[PDB]
Amino acid sequence: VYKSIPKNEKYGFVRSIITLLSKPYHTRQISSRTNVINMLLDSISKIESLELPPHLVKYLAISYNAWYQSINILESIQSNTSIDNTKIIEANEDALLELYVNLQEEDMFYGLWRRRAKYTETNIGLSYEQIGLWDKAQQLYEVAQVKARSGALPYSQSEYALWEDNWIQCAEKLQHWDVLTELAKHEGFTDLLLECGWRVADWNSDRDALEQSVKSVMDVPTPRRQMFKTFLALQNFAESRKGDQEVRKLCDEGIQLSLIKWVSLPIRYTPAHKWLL
Amino acid sequence: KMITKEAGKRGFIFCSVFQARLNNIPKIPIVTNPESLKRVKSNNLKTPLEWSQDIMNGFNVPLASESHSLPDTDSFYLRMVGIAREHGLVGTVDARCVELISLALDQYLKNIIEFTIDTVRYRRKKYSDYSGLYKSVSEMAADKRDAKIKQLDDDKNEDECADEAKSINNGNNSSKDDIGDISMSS
Amino acid sequence: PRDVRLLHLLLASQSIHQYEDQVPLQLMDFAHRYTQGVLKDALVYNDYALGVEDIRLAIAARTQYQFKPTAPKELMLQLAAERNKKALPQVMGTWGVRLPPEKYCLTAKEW
Amino acid sequence: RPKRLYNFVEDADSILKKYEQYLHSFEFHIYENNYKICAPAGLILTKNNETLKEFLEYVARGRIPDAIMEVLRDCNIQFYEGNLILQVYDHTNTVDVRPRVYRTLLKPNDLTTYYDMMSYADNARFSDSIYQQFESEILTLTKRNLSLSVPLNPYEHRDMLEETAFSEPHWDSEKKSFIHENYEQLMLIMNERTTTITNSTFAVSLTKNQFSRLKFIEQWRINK
Amino acid sequence: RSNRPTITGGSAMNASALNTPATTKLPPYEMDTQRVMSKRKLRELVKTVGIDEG
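Residue numbers (the deposited numbering), protein chains in the order written: chain T, 2567 to 2843; chain H, 197 to 326, 332 to 387; chain F, 30 to 78, 88 to 149; chain B, 112 to 152, 169 to 224, 277 to 360, 389 to 416, 474 to 488; chain I, 379 to 432.
The set of hints was computed from the structure by calculation and includes no laboratory data.
Hints may contain errors.
To be verified - The list that follows gives simulated cross-link-like pairs (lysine-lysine, DSBU-like), each with its CA atoms no further than 30 Å apart:
| id | chain 1 | residue 1 | chain 2 | residue 2 |
| --- | --- | --- | --- | --- |
| 1 | F | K111 | B | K180 |
| 2 | B | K147 | T | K2684 |
| 3 | T | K2795 | T | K2751 |
| 4 | H | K367 | H | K377 |
| 5 | H | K322 | F | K106 |
| 6 | H | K377 | F | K124 |
| 7 | B | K147 | B | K174 |
| 8 | B | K479 | H | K223 |
| 9 | T | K2612 | T | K2573 |
| 10 | F | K124 | H | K357 |
| 11 | F | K124 | B | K129 |
| 12 | H | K367 | H | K349 |
| 13 | H | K321 | H | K351 |
| 14 | H | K205 | F | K106 |
| 15 | F | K124 | B | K286 |
| 16 | T | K2653 | T | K2589 |
| 17 | T | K2684 | B | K479 |
| 18 | B | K147 | B | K322 |
| 19 | F | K147 | H | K322 |
| 20 | B | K147 | B | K180 |
| 21 | F | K123 | H | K201 |
| 22 | T | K2751 | H | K351 |
| 23 | F | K141 | B | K354 |
| 24 | B | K147 | F | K123 |
| 25 | H | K357 | H | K223 |
| 26 | T | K2751 | T | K2702 |
| 27 | T | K2739 | B | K488 |
| 28 | H | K223 | H | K234 |
Let's have the full structure, built from the sequences with the hints guiding it.
This is how it looks when you write it as structure tokens:
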């Protein structure tokens, strides 16, 4: 019945489709496996004419489940003659790579990145990072960062973040925590919280300096920051006996947070479920 | 009393070059006083590294001579927070005084435009209880700039409206800011 | 009055030895109105928040539109530089005085 | 009575011709669609903005902008008799073997002297008459080349002159006469970049209540 | 809102399931305000001052 919509009227129809999908009352179907958003995105994916919606909406229609209903849409623009812009294609690739990161499918992430990258040192660093050689990948990301400060290429504002964050990930794997501690002191960031192990034997002389860092960021909570709050309560029970036994409450709210995060993922086991385990 | 007065009663300045310098320079608020330091640290207001960026972002607004349109809420907000950081106010600018500034500009320009409009014409149907279309020129907004001179800020703006708004007929006004050179004829 | 002869000494202090009679009367009736307006606006500004910074606010409120502005040389230099960009036009070479065009002269007008 | 014969230049072309075979003061570059204003030897590279579109109106009129004076004093560049030499490189019309080199001169105004005095007023704390005397002495020592020489006045030697070299009014018949004269913006609605999780947390929390990283890593490797 | 496309999604670690909020919704956005946006406002101000009015 989409065929009844004629030409010179598809723009208003697709705009009304975005207006319908972007409604705020769909949160009364977030805790469901059979949302109207799945039933509607699946019918969007069988059209190939309007099957390009704004496509950072598809990546944000992940508050619902809709993972593969969105990956179908975002991969049917990679193989479409939709070349009206070079900034629609790179934003499509951004949303697809972020869905691959949220599903922890890293091989597709590295394949799509070094299919879309413009520098060559980015390709070499991503290949060494996929294999697991993080020293050479870290050196190649430094080389790619240097050649963009004094070069003739515009680096697209999406490879730059890749160089920064993947340098931080390689330095985390190589356990250079003394560099990253002052890097997280140089700018406001919970990389500072992720030195829970920082060549440390006390965790008590700077207890307040960690409690303020947790409490400033323990709104819009994640399972990791909730784990940090529970460990602070556990250390409070440890160093001061006859403590709280709120650790028995913080562990339970962390288990409930992790269960909400488990139901938000696909039913079948993805690599992202391993961190929840 | 008057066998006692002298020079050296004040702590002022009077060098007009130095007054123009201090009116020209951009100044950022700093802290040395400890009570005001604990007063500004409690209300989560930041260090001067944010107020200097706020000076720069309040200056970098496309001010309304360049855009040829009346400004909007974000431009008003950024310019007023830059000005409030210039004067010393390290707090937050309220969101209703921007709309108050908007209505102030409204009634100011409406007064100026109305007392320019009712001078090129005598509206017979108005101003009474029982010809065509005119465009106001810059010579008219200089001519009723002086017949009713009270309506202005008396700042730079009226000085430039008196000094540079009237153009002689070889002025080359419809230009691109550079074609009035002598070498563009040769 | 004390201020008539104080104005006599003030005028003589700036080498003004010839003046009329109602000139210190005019100076006193200026100073009365100026101080009354300044103190009324300062009473408003003190009910808002007397003191000296209150007087400073009340005399900075009305400096902005009546008396002689302060250090106007750099704004006038900027304005002169905007006017002195344009090179001078071509002049007549017939050694006399040339008028503007006839519509820009006070002759083709009617009552 | 003067002691020697002096040769002082107060033009643009003569000062430029005198100051060829000398190192320049600025170094401006015209690349494709972007520009760069560097020093002769972190130097910024600009997009097509409006500060540059007003600086370019001060190089087709060969004068220094009044804003720059103090910072030129800060940046230790070479002045040349009050002027500074802008060397422009047009890289769009380069030749193969080097871009197209122009070498223009910018001239001081009254505004440049006033802004130099206003920036002198920061750490000197002089009065007004010292600035008057300083300006008078510099206007003496730097403004030579005066055209003070009077020709004949044509209005007194009227009897030895052609008759129609003047223009007086004449009386005509009964009057007298003087002499006169869409889709791309729809497909990117949610495309707003986020630097980090903490910044996203702060951006969603306050609503209800550059290569600095590489430079930091380099300076921390230097400090060790 | 998270538009970073790098591994770890602009987070300290690469778990990506532990560094993501539990229940989210769509961010605020706006359509093309071209029709409701006027290039010139001073013409509207003189329009509300100077009308025909016969």
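How the hints compare with the structure:
1. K111(F) - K180(B): 27 Å, holds
2. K147(B) - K2684(T): Given pair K147(B), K2684(T) holds - Cα atoms ~24 Å apart, limit 30 Å.
3. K2795(T) - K2751(T): 20 Å, holds
4. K367(H) - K377(H): 19 Å, holds
5. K322(H) - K106(F): Not OK: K322(H) and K106(F) at ~40 Å, beyond 30 Å, violated.
6. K377(H) - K124(F): 14 Å, holds
7. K147(B) - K174(B): OK: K147(B) and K174(B) at ~9 Å, within 30 Å.
8. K479(B) - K223(H): Roughly 29 Å between the alpha carbons, so the hint for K479(B) and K223(H) holds.
9. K2612(T) - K2573(T): Given pair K2612(T), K2573(T) holds - Cα atoms ~18 Å apart, limit 30 Å.
10. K124(F) - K357(H): This hinted pair holds, its Cα atoms lying about 21 Å apart.
11. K124(F) - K129(B): This hinted pair holds, its Cα atoms lying about 28 Å apart.
12. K367(H) - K349(H): 18 Å, holds
13. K321(H) - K351(H): Distance of about 27 Å is within 30 Å: holds.
14. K205(H) - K106(F): It holds: about 24 Å lies between the C-alpha atoms, which stays within 30 Å.
15. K124(F) - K286(B): 16 Å, holds
16. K2653(T) - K2589(T): Holds - the C-alpha atoms of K2589(T) and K2653(T) are around 26 Å apart, at most 30 Å.
17. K2684(T) - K479(B): Holds - the C-alpha atoms of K479(B) and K2684(T) are around 23 Å apart, at most 30 Å.
18. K147(B) - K322(B): 34 Å, violated
19. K147(F) - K322(H): 28 Å, holds
20. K147(B) - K180(B): With a Cα-Cα distance of about 13 Å, the restraint between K147(B) and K180(B) holds, given a limit of 30 Å.
21. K123(F) - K201(H): Since the Cα atoms of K123(F) and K201(H) sit roughly 50 Å apart, the hinted pair is violated (cutoff 30 Å).
22. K2751(T) - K351(H): 58 Å, violated
23. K141(F) - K354(B): Within the cut-off at roughly 18 Å; holds.
24. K147(B) - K123(F): Between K147(B) and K123(F) the Cα gap is close to 27 Å, so the pair holds against 30 Å.
25. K357(H) - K223(H): Judged against 30 Å, a Cα distance of about 21 Å means the pair holds.
26. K2751(T) - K2702(T): Satisfied, since the Cα-Cα distance of roughly 26 Å is no more than 30 Å.
27. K2739(T) - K488(B): 21 Å, holds
28. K223(H) - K234(H): 22 Å, holds
In summary, the structure is inconsistent with hints 5, 18, 21 and 22 from the numbered list given earlier, while agreeing with the others.
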